[PDB]
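*Asks:* Here is what each chain is made of, one letter per residue.
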Amino acid sequence: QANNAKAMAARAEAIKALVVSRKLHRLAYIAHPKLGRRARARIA
Amino acid sequence: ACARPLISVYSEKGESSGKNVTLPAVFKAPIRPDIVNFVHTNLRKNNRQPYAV
Amino acid sequence: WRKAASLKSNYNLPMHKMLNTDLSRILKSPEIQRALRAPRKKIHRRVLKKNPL
Amino acid sequence: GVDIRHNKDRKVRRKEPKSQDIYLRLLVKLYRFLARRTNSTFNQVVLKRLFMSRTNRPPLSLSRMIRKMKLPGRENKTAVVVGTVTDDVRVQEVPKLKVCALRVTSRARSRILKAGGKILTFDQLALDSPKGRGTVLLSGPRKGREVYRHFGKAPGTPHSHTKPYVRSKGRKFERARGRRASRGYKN
Amino acid sequence: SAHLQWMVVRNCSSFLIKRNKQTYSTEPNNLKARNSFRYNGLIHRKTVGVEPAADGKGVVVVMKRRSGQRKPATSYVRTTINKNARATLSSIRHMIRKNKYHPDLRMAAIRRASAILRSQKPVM
Amino acid sequence: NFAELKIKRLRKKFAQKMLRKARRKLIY
Amino acid sequence: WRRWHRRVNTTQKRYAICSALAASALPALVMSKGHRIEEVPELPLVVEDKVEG
Amino acid sequence: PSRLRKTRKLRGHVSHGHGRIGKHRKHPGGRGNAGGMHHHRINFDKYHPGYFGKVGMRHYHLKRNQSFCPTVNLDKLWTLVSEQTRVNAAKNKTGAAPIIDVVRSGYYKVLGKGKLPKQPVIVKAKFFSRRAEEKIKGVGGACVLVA
Amino acid sequence: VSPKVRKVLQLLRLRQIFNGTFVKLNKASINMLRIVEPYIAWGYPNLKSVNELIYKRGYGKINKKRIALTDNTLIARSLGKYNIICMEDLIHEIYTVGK
Amino acid sequence: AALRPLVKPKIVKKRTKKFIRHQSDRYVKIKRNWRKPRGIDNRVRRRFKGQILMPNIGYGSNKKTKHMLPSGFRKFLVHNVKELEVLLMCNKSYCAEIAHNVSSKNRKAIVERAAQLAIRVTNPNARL
RNA sequence: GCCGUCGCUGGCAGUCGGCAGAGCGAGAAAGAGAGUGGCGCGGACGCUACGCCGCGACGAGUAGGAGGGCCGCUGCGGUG
Ligand SMILES: [Mg+2]
Ligand SMILES: [Mg+2]
Ligand SMILES: [Mg+2]
Ligand SMILES: [Mg+2]
Ligand SMILES: [Mg+2]
Ligand SMILES: [Mg+2]
Ligand SMILES: [Mg+2]
Ligand SMILES: [Mg+2]
Ligand SMILES: [Mg+2]
Ligand SMILES: [Mg+2]
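So the protein sequences, as listed, match chains A, B, C, D, E, F, G, H, I and J.
Throughout the first sequence, residue numbering follows the entry's author numbering, covering 58 to 76, 89 to 113 in sequence.
Throughout the second sequence, residue numbering follows the entry's author numbering, covering 2 to 54 in sequence.
Throughout the third sequence, residue numbering follows the entry's author numbering, covering 267 to 319 in sequence.
Throughout the fourth sequence, residue numbering follows the entry's author numbering, covering 2 to 188 in sequence.
Throughout the fifth sequence, residue numbering follows the entry's author numbering, covering 2 to 125 in sequence.
Throughout the sixth sequence, residue numbering follows the entry's author numbering, covering 23 to 50 in sequence.
Throughout the seventh sequence, residue numbering follows the entry's author numbering, covering 108 to 160 in sequence.
Throughout the eighth sequence, residue numbering follows the entry's author numbering, covering 2 to 148 in sequence.
Throughout the ninth sequence, residue numbering follows the entry's author numbering, covering 100 to 198 in sequence.
Throughout the tenth sequence, residue numbering follows the entry's author numbering, covering 2 to 129 in sequence.
Among the hints, a few may not be true.
Keeping only pairs whose Cα atoms sit at most 25 Å apart, straight-line, the calculated SDA-like set for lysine to any residue is [what the hints assert, rightly or not]:
hint, chain 1, residue 1, chain 2, residue 2
1, C, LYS283, E, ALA3
2, D, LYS16, B, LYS20
3, C, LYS283, D, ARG143
Derived Cβ-Cβ restraints for the label pairs, each shown as a range [said to hold, decoys possible]:
hint, chain 1, residue 1, chain 2, residue 2, range
4, G, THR118, J, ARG48, 55 to 63 Å
5, I, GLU151, H, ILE22, 53 to 61 Å
6, C, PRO296, E, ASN100, 22 to 30 Å
7, J, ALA3, B, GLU16, 30 to 38 Å
8, I, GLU151, J, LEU78, 54 to 62 Å
9, J, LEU78, B, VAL54, 39 to 47 Å
10, H, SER3, B, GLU13, 50 to 58 Å
Hints were generated in silico from the structure; no laboratory data involved.
The C-beta atom is built at its ideal place from N, Cα and C for all residues, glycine as well.
Sequences are here, hints too, so could you generate the full structure?
*Replies:* Spelled out as structure tokens, the structure:
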């Protein structure tokens, strides 16, 4: 328990310190139900 | 399955005698046509007479 | 149900497996009707395959 | 012709209760609807367990139900068993339980209620837990039957602790030859 | 309950007729003589029956009241209607839709009524 | 008020048609 | 010495008597048994104790 | 009933379900348990080890009343007395323990399986197991022997 | 049919006479075709053959059923996660042996 | 002028000949009622060409036109006027056949009441 | 095309009607959500839920096994 508790803090401290074609792509973007929602509004 | 209304008691003239009886609990018991048919089937065999050649 | 039989040494009414047998009230109740997905009552019959060529 | 085998085409499983009980089938009607019209896998499990046979629905004792409802994080959850809840005399203190069962023995009913608990039927679980939320589905010991003491390696094979079928138990009944080295052999 | 009572009589009833790969129910207040949960005329709290009048003129509409479910003597209210053909049907339609009394039997009641009135015309 | 609700339905039916329209152009 | 007779558990036989009594109080079931009870005033039909004499 | 049995479905099928080759002959293999040490040896050895031979002393004129000794475990001990017997003893303060007489309940020996509630009790029995007496003594009780 | 040929024909899904499938070639698969050599006619199809095989006789395995490919939504609902949303994408993934 | 059903679909029969039992043409003791041949060498059982045919579920009739009389109706045996009035609401698809052993007197009531209800009777001109 | 079997342990209790508002087969998670502030009186069938409906595959058979028979025979309790 002492060793496991000790290593958890040592592990956490390190982590906390450390932290095809342009046309077809465009259409595939617009046809996407979510991302092209603002673009489809534009065309209409 | 918890209602126990009052049941009329009728006079011999076919009219409500004004008296009442709460419905007995037994009339709310589960209706099991298959327990009945099992029990009837096996009990009706018990008044038979043997036959043999 | 509350009082055991008095003229039978040890007996009481058989317990109910299903207390509310009104299946229509149960199904139509709001509580169950909130948990259901919308019915899919559209019929998709077989499509005759026409040759695209 | 198609090179295939048909011996396994027909799946062996229950689509309905063998029982002709009308109250059970009214519950199967109820949970056939809930299983179909709700995405709750719990309803499918309960719907399936209503078709099962008597030996596939072992009785759940009070002591086993108390143990499994005491595990951490199962507080105020309704214990659900598609079967019978039998009383356990070996239990001393019965905690407040909420339970749903097909049957509860007469003594198990008094102990649960006298402790302040609540006993439900399955038609009441639907009106309270339509999708089975906040439920703890529990099952009795399936292998807790005398038959399974007789299944496995035949009793006359090495390291087989299978129970033999004897008409009587005692010194004279299947203990001489094959069960001790002094008589022929043992395994 | 209806569903409990239907599970006792669905295949065991003095009114049940099984013959020629068909099935019928001969009890009163069944609008189509059909061994069906919907059209059974005994198990529901609300039922609609249409019969020819005692004399071959008009129909008798039978409605089950709400209170006396266990009291057969006073459970059914019988109304005789002997108007023209279009008025007889109009009354039944209103007796069902306006009161919201078993609305799912509206056309069965109307179809049965048209058949009794038709049978009361002179034969050719 | 149903008039408010109806427009919501129509703008969704128009939205699905535009998504369908753009999908046809992509496969084209 | 064919086995003409059958044992039926007392608990089940009593069950079968509760099911019969419960069913006897429902007009639909008593009608469906062929009985003409279309004009009896009530179900169950209870008459005064005078008829016992 | 005979209407639900195989015979009704086997009408018209020659052999009645016993095969055309082997047929149904009278007693192939012998009658009863014939052949245990012979053509039926595998079944007996496989499924009935110990069947043949003798083991242990004979005892002429065994009287099974002499060895009557029904047993009860400790986990069932408190069922031999009413419920209010236990609750009254648990809540009283003078320290008085109830007497559980297992002979009156039809038992002679007390066995040790299970655990007892933390409640003193005086137990009367003809026999005890060693673990029964320890467990009974661990809750503040005593073991009383009767003849 | 011999046991080894019978297994290999089942892996190719050719359980019936005059059944057809596409097989992407490599050491693993080319040696399988050698085992079933007396039981199969095979070769290299051209773009037209892939077209007409999939348009006239193209059926999808959708929920373990044989559904004709009468709509693009059939292909998209199953192979859409791989960017295959039309019969033309399907013909390109087959003909070019895509990822 | 006879009553007509709601619809009259074309009735298709896969087979109209009866299935005569094997070798029932050779003996009077063998009635033509079908019996599945079960002899080991029986060539009818083995489905040899040019031999008697065996019935099998493949011959089944279209579920839609099954049990349909050539009139387009489906019969239903009736023994009295009360049984007749169960067909009141299905009189465009089911007709009434009066049982053989109903007295000639009572056939007048059933054949009469059926006329009133527009229910078709298969055998109205019998036992006159 | 039709019959049956098997599988989808597939769909239908939503017939939610003037105390009304008809949909949820659609490539791609989860609400046709709830709000707080800045004239006619009308609308087919259905659902013996052990029922009804849909879609896909399949179907040789001795010995043998199992299922269903609104197949047939005699007598008993109910019912018609
Ligand atoms: Mg085939
Ligand atoms: Mg086979
Ligand atoms: Mg098999
Ligand atoms: Mg055979
Ligand atoms: Mg022989
Ligand atoms: Mg056999
Ligand atoms: Mg043999
Ligand atoms: Mg023998
Ligand atoms: Mg041969
Ligand atoms: Mg076959």
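*Asks:* Do the beta carbons of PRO296/C and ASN100/E sit within 22 to 30 Å of each other?
*Replies:* holds, 24 Å
*Asks:* Could you see if the CB distance from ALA3/J to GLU16/B stays within 30 to 38 Å?
*Replies:* violated, 56 Å
*Asks:* For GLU151/I and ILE22/H, compare the CB-CB distance with the range 53 to 61 Å and indicate the outcome.
*Replies:* holds, 57 Å
*Asks:* Checking one constraint from the list: CA of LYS283/C to CA of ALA3/E, max 25 Å. Satisfied?
*Replies:* Holds: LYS283/C and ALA3/E sit about 17 Å apart, inside 25 Å.
*Asks:* Cβ-Cβ distance between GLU151/I and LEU78/J: within 54 to 62 Å?
*Replies:* For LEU78/J against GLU151/I, whose Cβ atoms are near 60 Å apart, the range 54 to 62 Å holds.
*Asks:* Next pair to validate is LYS16/D with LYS20/B; report whether the Cα-Cα distance is within 25 Å.
*Replies:* Violated, at roughly 52 Å.
*Asks:* Checking one constraint from the list: CA of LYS283/C to CA of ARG143/D, max 25 Å. Satisfied?
*Replies:* Given pair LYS283/C, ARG143/D holds - Cα atoms ~22 Å apart, limit 25 Å.
*Asks:* A range of 50 to 58 Å was offered for this pair. Does it hold for the Cβ distance of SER3/H and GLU13/B?
*Replies:* Since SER3/H and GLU13/B have Cβ atoms about 52 Å apart, the given range 50 to 58 Å holds.
*Asks:* Can you let me know if the beta-carbon spacing of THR118/G and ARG48/J is within 55 to 63 Å?
*Replies:* Holds: the Cβ-Cβ distance is about 58 Å, inside 55 to 63 Å.
*Asks:* How does the Cβ-Cβ distance of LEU78/J and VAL54/B compare with 39 to 47 Å: does it lie in that range?
*Replies:* For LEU78/J and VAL54/B the Cβ distance comes to about 41 Å; the hint holds.
Going through the hint list in order, the structure does not satisfy hints 2 and 7.
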